[PDB]
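Trainee: For reference, the chains in residue letters:
There are 2 protein chains.
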Amino acid sequence: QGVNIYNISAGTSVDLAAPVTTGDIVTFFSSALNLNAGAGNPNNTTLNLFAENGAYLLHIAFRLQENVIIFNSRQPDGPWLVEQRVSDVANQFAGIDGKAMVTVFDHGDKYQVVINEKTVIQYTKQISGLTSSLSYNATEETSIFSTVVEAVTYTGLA
Amino acid sequence: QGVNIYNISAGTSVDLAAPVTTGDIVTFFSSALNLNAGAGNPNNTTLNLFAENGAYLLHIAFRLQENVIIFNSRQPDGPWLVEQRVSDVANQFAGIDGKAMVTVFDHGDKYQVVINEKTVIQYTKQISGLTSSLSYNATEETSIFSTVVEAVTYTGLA
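Residue numbers (the deposited numbering), protein chains in the order written: chain A, 1 to 158; chain A', 1 to 158. A prime marks a further copy of an entry chain.
What you were told as hints is all true, and nothing was included just to trick you.
Mimicking EDC-like on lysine to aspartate or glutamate, the simulated pairs with C-alpha atoms at most 16 Å apart in a straight line are:
1. 99/A / 150/A'
2. 99/A' / 150/A
3. 99/A' / 117/A'
4. 125/A / 109/A
5. 118/A' / 97/A'
Listed next, with one range per pair, are the computed distances between beta-carbon atoms:
6. 124/A' / 23/A: 19 to 27 Å
7. 38/A / 34/A': 37 to 45 Å
8. 77/A' / 147/A: 47 to 55 Å
9. 1/A / 75/A': 27 to 35 Å
Hint data in this document are derived by calculation from the structure and do not stem from the laboratory.
Note that the Cβ used here is the ideal one computed from N, Cα and C, for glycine as well.
Isolated chain A (complex conformation):
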């Protein structure tokens, strides 16, 4: 039913005009894909889906030094739960250069992450609720994504 667009600059967090609940979609667009980027410490780039209460419903990190994409969750004041790891970054982004896009479907119990056209994980949710906040911080000056990441949310799909 609805389509929202957001310009998320590296380091920001935009509150959603409409929350991404079950059945909904959210895609992150990067007009750059720097996989040569220097040493990140630790997450060269993270993309998060928060709850109204700062709870990390999902944490998507990109670590080039560890050549791995990390997936996790955490209560607002709690500790990082059980990680997850998909190995070999560049190989997930193969297919498209110069740009990239990360799609996160919300299937109620699980978050399906898809990089470009390839599903990278069917991540089972640790924490729960509905996403009301997004974030895109480069935990070390060499984001594998462009200085700005567009974000489109397809909500009201139900």
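Got chain A; can you put chain A' on it based on the hints?
Mentor: Here is chain A' on its own, set in the frame of chain A:
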């Protein structure tokens, strides 16, 4: 469930790797928005959703000379059915410049077109079926969209 990406150059028509049936989504991205474009004859820009049989499930035209966005349908060898018109183009694209995006939801009986974040029409379907082809032709050298239009399809949503 699935995410497909397509680079549709002005004048082309890409066959979908997966068809956009009911419940599915398809968004067109233009990295340019030329609303100053010259006289178009007649549709400065059209975006179509076809059936395997060349049937136009939906025709989205942009006419700057007529300052109107047209919506229609036609059998492969049939005539243009009952048109539809949303007036004042520039006003639909307000909100975002330099770029633009046209989203078409498929609600079985109706196609909801959304330009950027604004729903422009809840178009009731004349013809039926499922889309297997897309097209983006500039019916006169001054497309209001960039020379290339990315297209992302969110299918397998069911």
